[PDB]
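*Asks:* Here is what each chain is made of, one letter per residue.
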Amino acid sequence: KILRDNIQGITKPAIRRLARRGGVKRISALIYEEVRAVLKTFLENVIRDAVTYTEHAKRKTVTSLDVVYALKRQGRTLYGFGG
Amino acid sequence: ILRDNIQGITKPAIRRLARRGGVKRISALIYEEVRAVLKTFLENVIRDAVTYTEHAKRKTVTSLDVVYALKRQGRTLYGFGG
Amino acid sequence: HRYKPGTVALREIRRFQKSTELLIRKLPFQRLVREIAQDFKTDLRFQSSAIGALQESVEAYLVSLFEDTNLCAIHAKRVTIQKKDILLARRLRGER
Amino acid sequence: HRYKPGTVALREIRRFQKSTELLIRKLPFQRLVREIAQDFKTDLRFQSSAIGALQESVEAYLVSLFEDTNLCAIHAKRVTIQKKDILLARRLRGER
Amino acid sequence: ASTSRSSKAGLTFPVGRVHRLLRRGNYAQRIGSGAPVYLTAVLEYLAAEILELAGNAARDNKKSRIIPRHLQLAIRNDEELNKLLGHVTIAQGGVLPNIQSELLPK
Amino acid sequence: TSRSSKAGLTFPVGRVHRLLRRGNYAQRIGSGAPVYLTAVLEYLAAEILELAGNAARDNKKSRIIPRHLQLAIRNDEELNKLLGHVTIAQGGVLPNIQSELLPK
Amino acid sequence: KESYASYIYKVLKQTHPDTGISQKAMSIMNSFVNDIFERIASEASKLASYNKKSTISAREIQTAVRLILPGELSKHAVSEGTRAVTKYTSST
Amino acid sequence: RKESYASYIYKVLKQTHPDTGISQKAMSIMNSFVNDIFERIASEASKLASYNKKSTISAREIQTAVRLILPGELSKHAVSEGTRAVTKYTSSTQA
DNA sequence: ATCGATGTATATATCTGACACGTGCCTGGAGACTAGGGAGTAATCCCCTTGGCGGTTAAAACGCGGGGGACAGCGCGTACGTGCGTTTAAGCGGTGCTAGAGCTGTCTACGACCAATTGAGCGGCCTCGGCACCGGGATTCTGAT
DNA sequence: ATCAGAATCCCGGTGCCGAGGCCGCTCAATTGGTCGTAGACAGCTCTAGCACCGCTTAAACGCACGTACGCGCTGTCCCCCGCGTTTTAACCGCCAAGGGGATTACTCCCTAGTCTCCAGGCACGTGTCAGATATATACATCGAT
Numbered sequence: 020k021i022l023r024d025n026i027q028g029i030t031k032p033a034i035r036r037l038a039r040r041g042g043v044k045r046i047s048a049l050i051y052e053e054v055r056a057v058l059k060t061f062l063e064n065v066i067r068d069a070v071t072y073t074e075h076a077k078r079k080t081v082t083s084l085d086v087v088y089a090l091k092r093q094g095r096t097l098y099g100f101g102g
Numbered sequence: 021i022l023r024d025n026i027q028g029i030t031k032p033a034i035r036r037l038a039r040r041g042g043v044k045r046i047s048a049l050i051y052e053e054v055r056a057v058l059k060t061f062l063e064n065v066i067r068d069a070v071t072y073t074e075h076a077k078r079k080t081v082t083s084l085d086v087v088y089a090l091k092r093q094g095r096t097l098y099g100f101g102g
Numbered sequence: 040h041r042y043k044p045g046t047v048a049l050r051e052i053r054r055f056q057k058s059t060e061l062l063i064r065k066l067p068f069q070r071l072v073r074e075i076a077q078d079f080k081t082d083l084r085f086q087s088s089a090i091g092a093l094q095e096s097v098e099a100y101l102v103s104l105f106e107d108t109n110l111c112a113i114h115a116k117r118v119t120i121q122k123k124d125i126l127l128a129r130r131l132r133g134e135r
Numbered sequence: 040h041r042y043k044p045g046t047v048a049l050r051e052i053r054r055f056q057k058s059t060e061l062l063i064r065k066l067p068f069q070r071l072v073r074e075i076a077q078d079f080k081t082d083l084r085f086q087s088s089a090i091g092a093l094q095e096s097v098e099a100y101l102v103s104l105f106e107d108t109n110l111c112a113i114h115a116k117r118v119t120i121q122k123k124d125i126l127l128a129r130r131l132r133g134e135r
Numbered sequence: 013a014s015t016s017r018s019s020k021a022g023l024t025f026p027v028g029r030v031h032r033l034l035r036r037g038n039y040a041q042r043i044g045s046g047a048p049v050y051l052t053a054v055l056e057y058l059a060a061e062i063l064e065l066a067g068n069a070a071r072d073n074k075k076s077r078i079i080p081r082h083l084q085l086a087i088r089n090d091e092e093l094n095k096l097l098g099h100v101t102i103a104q105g106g107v108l109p110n111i112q113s114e115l116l117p118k
Numbered sequence: 015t016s017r018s019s020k021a022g023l024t025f026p027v028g029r030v031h032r033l034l035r036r037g038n039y040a041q042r043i044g045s046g047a048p049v050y051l052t053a054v055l056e057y058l059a060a061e062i063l064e065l066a067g068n069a070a071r072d073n074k075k076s077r078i079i080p081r082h083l084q085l086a087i088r089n090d091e092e093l094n095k096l097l098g099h100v101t102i103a104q105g106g107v108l109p110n111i112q113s114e115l116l117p118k
Numbered sequence: 038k039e040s041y042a043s044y045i046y047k048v049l050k051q052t053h054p055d056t057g058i059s060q061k062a063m064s065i066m067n068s069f070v071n072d073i074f075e076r077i078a079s080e081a082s083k084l085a086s087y088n089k090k091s092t093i094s095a096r097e098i099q100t101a102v103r104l105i106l107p108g109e110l111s112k113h114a115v116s117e118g119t120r121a122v123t124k125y126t127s128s129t
Numbered sequence: 037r038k039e040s041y042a043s044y045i046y047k048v049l050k051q052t053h054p055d056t057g058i059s060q061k062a063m064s065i066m067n068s069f070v071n072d073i074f075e076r077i078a079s080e081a082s083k084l085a086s087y088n089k090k091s092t093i094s095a096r097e098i099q100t101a102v103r104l105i106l107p108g109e110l111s112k113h114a115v116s117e118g119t120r121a122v123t124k125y126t127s128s129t130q131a
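Residue numbers (the entry's author numbering), protein chains in the order written: chain B, 20 to 102; chain F, 21 to 102; chain A, 40 to 135; chain E, 40 to 135; chain G, 13 to 118; chain C, 15 to 118; chain H, 38 to 129; chain D, 37 to 131.
Hints listed in this document are in silico derivations from the structure and should not be mistaken for laboratory results. Watch out, some of these pointers could steer you wrong.
To be verified - Which stretches of chain F does chain E cover? Using the computed rule of at least three CB atoms under 8 Å from a CB of chain E, they are:
1. 26-35
2. 41-48
3. 60-69
4. 81-87
Cβ atoms here follow ideal geometry from the backbone N, Cα and C, with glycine treated the same way.
Generate coordinates for the entire structure from the input sequences, incorporating the hints supplied.
*Replies:* Structure representation (structure tokens):
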């Protein structure tokens with residue numbers, strides 16, 4: 020299958036819960052589109068780096084170490100999955 | 021020995037710095053905060069430069085030491101070597 | 040017995056700040072990751088732990104972004120966060 | 040006659056944005072640098088180019104900080120920049 | 013047979029393994045004798061500090077098992093380690109319970 | 015006869031190969047790695063100097079000064095992204111005034 | 038597949054001999070140790086490269102520790118490192 | 037003898053702009069920029085080779101590092117320029 | 001003040017799966033000997049950093065008037081939070097199968113190393129033209145009318 | 001719209017000093033040969049990722065409604081700007097000194113490399129107890145009066 024419209028899968032209550040963890044008390048209605056766009060950009064960057072690492076490794080499965088190295092490359096170091 | 025040299029950064033100098041930054045109107049309390057920010061940033065950079073100098077058993081701070089310290093701080097300076 | 044519009048929101052703020060669990064449902068996030076990765080290389084495969092790491096990083100980044108948005112909304116003597124607040128927060132963080 | 044209280048500030052803004060000279064007098068900055076270095080090691084010496092590099096870095100950092108302060112002031116529907124604006128600009132940039 | 017280099021230095025972390033990692037990590041053509049000992053001591057101190065703060069955090073919460081939440085509390089509560097690990101994300105760590113003052117009632 | 019002429023480049027292939035051997039990057043180094051690296055460096059230098067020359071021409075000057083490099087880098091989005099955290103000595107800042115400060 | 042895990046357990050029991058530690062926390066501790074080791078080693082390698090030296094010794098490691106670690110942590114780590122090096126030198 | 041790229045940056049400038057000059061401070065800036073990019077690419081390729089348990093830096097590692105470091109248009113053009121140079125070099129060096 | 005709703009904390013019991021201990025093995029770390037070269041140390045030189053004098057002028061400090069911008073108060077209306085019934089898909093558990101990660105074996109191309117050659121690149125010297133400084137007219141732009 | 005004055009732009013002249021070119025030299029890249037080894041490729045195993053079905057139920061969703069907050073407007077007053085006057089110290093140049101940074105040469109001891117061995121640490125296995133869940137419950141807090 021080819022995917023098309025799964026960015027709407029990040030529902031409004033999910034954004035509301037993420038904002039509640041961040042301390043936001045009251046939310047305006049245009050925030051959701053901006054948050055989805057920010058999510059799209061960040062995931063595209065990280066997925067580009069991880070896919071580049073995988074293609075260099077001659078593999079076809081994105082190993083968690085590839086994602087960890089991709090996060091480390093941009094300075095968003097992540098602990099708990101190796102490396 | 022030295023005394024109070026953070027006043028050497030006069031008010032017109034901070035005004036000119038804000039003018040380059042595009043600031044049109046400045047409150048009277050900005051200057052002390054800017055001096056504190058300057059004192060902390062210069063403290064960090066000088067600490068790393070003096071550490072690099074002490075490693076080489078030197079007594080003079082060279083431009084290369086400052087450039088390396090700045091590169092370590094994540095802000096890279098071009099045109100002074102290295 | 041309707042509560043005032045502050046008090047339930049604060050209860051949720053306390054609940055999710057004492058919690059640790061992932062806030063985004065897993066399958067939609069997996070599908071979004073697949074859709075995004077489809078462009079760079081076809082017929083890819085993903086380890087489960089890789090998607091878990093992706094989701095952890097995304098949630099942490101979005102929580103930090105929302106904290107900064109809240110701070111810059113408080114700066115404007117407001118409580119509601121608007122799109123301009125997110126734009127300013129990203130502009131100051133040094134994101135594009 | 041007198042210009043209105045906007046106009047001379049704008050002229051200075053254009054003039055100092057068009058030029059590339061250093062804004063801080065060299066001897067005061069030199070003395071400040073030597074005072075700050077006095078706390079880490081006594082009887083230190085400085086090459087002129089090292090102090091010039093320090094001065095260039097300070098100019099760039101302060102200029103960027105004042106730009107961010109101007110944006111976060113304009114966010115609050117203000118022209119004038121207060122201490123709280125600089126505090127917010129430094130807090131969002133991860134310096135506090 | 014003879015004593016491990018950690019016992020000679022009086023440390024718990026493996027000095028020899030760190031020496032092998034320094035040799036194989038492509039850092040320099042030569043490696044001094046005291047460099048692995050020094051690095052092992054520093055790593056042991058940092059690990060001991062993190063575990064002390066995590067254990068204190070776990071005892072505060074009346075728990076007897078250190079979990080990532082206690083690591084996040086220990087790191088984000090101490091200023092030195094927060095400066096050291098300011099750009100580090102901890103999985104399953106949560107966030108500090110901080111609420112803005114203006115959002116509180118009254 | 016030189017490796018740069020063989021590859022059709024002006025940058026020194028041999029010097030880059032020595033620097034890669036002395037930099038402690040790997041135990042062995044392939045033959046085409048220095049050629050690839052010098053090609054990439056030559057392309058980047060050509061792009062930066064072309065933009066700087068255009069900026070200097072717009073200023074009616076024939077010499078490239080740090081101001082021209084600064085303008086060329088900040089006026090190109092991709093190089094600005096590549097050199098976001100880099101500060102250039104004697105470069106100045108982009109002419110940019112917020113519309114809110116402009117008069118009636 | 039080697040990891041610091043057993044050594045972390047020993048240190049934990051040496052410090053608080055009544056608390057366990059979850060597997061996720063073990064992975065986090067191992068990753069933190071590896072990250073600090075990598076930072077210190079890279080800084081020491083660059084430092085030795087600047088001074089045209091070809092060996093990593095105690096002094097470069099000490100300077101790298103002073104560079105990465107904040108002031109209190111740097112002072113305490115330096116003190117412990119010099120104590121361990123002195124003990125090893127006396128014992129050899 | 038102190039080495040730098042300054043004498044090569046001038047040849048590229050004279051090739052792309054036959055009549056434009058350039059000061060000494062711009063030489064320092066361009067040399068610093070070239071050294072910085074060289075060190076970034078080399079360090080990234082070294083880490084890339086270390087991840088895959090290899091001990092050789094080849095054109096593959098340098099190409100992947102270039103793809104990682106440069107923004108998309110620059111990465112594509114640099115990859116094209118590097119692969120063209122490498123294919124021209126291997127075309128000639130035995131024939 | 002106050003009580004009812006209500007979510008949240010607290011105390012206890014079953015389980016369960018996840019953590020704490022034992023075992024066998026094998027491979028990575030320790031002792032020993034060798035060479036050799038890298039680093040420590042000592043002398044030298046010169047250049048480049050520090051210190052002082054003087055003037056002079058441009059920049060900083062100070063006083064003062066005022067205007068315009070920050071800020072507090074008020075009204076309003078609308079956008080967002082809360083609750084409830086519905087529906088939708090996320091989650092979990094089992095089962096399938098096959099693609100592909102991972103390990104091992106083999107061998108040949110390829111890169112380290114080493115000695116000889118020489119020509120490319122760097123340091124130094126010289127000069128002239130681009131740019132900067134000065135000066136003066138032209139044009140723009142701002143504010144009061 | 002107008003007009004005067006202040007600021008800027010432009011145009012030309014003179015100078016000056018730094019960029020461009022030329023030449024000697026030296027040491028670093030090239031070439032040719034040898035040898036070890038590493039990684040490219042084939043092949044085998046067996047793990048786990050993907051796809052599906054079914055049931056359940058909790059989360060999402062749509063809508064109704066009320067009200068708290070963002071935003072626009074108005075008045076006020078205070079405090080920052082802009083300009084004239086006074087002061088001061090930054091800067092340039094010039095000279096003197098000395099000290100320390102870079103260089104070279106000598107030495108010696110410290111580390112890579114190889115070998116031999118053996119014990120510690122790490123998969124596999126196991127068992128048992130702290131915490132998750134469930135349930136009952138207590139308690140403090142929000143809200144309406």
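*Asks:* All hints are to be evaluated individually against the structure, with a verdict given for each.
*Replies:* Hints, one by one, checked against the model:
1. Interface restraint, the region 26-35 of chain F with chain E: holds (5 residues with C-beta to C-beta distance below 8 Å; minimum three).
2. For the region 41-48 of chain F, the proposed coverage by chain E is satisfied: 7 residues have a C-beta within less than 8 Å of a C-beta in that chain, meeting the threshold of three.
3. A count of 7 residues in the region 60-69 of chain F with a Cβ less than 8 Å from any Cβ of chain E is obtained; the coverage claim is therefore met, three being the minimum.
4. Figure legend: the region 81-87 of chain F, annotated as covered by chain E; annotation consistent (6 residues with Cβ-Cβ distances under 8 Å, at least 3 required).
This entry satisfies every hint, going by the numbered hints stated previously.
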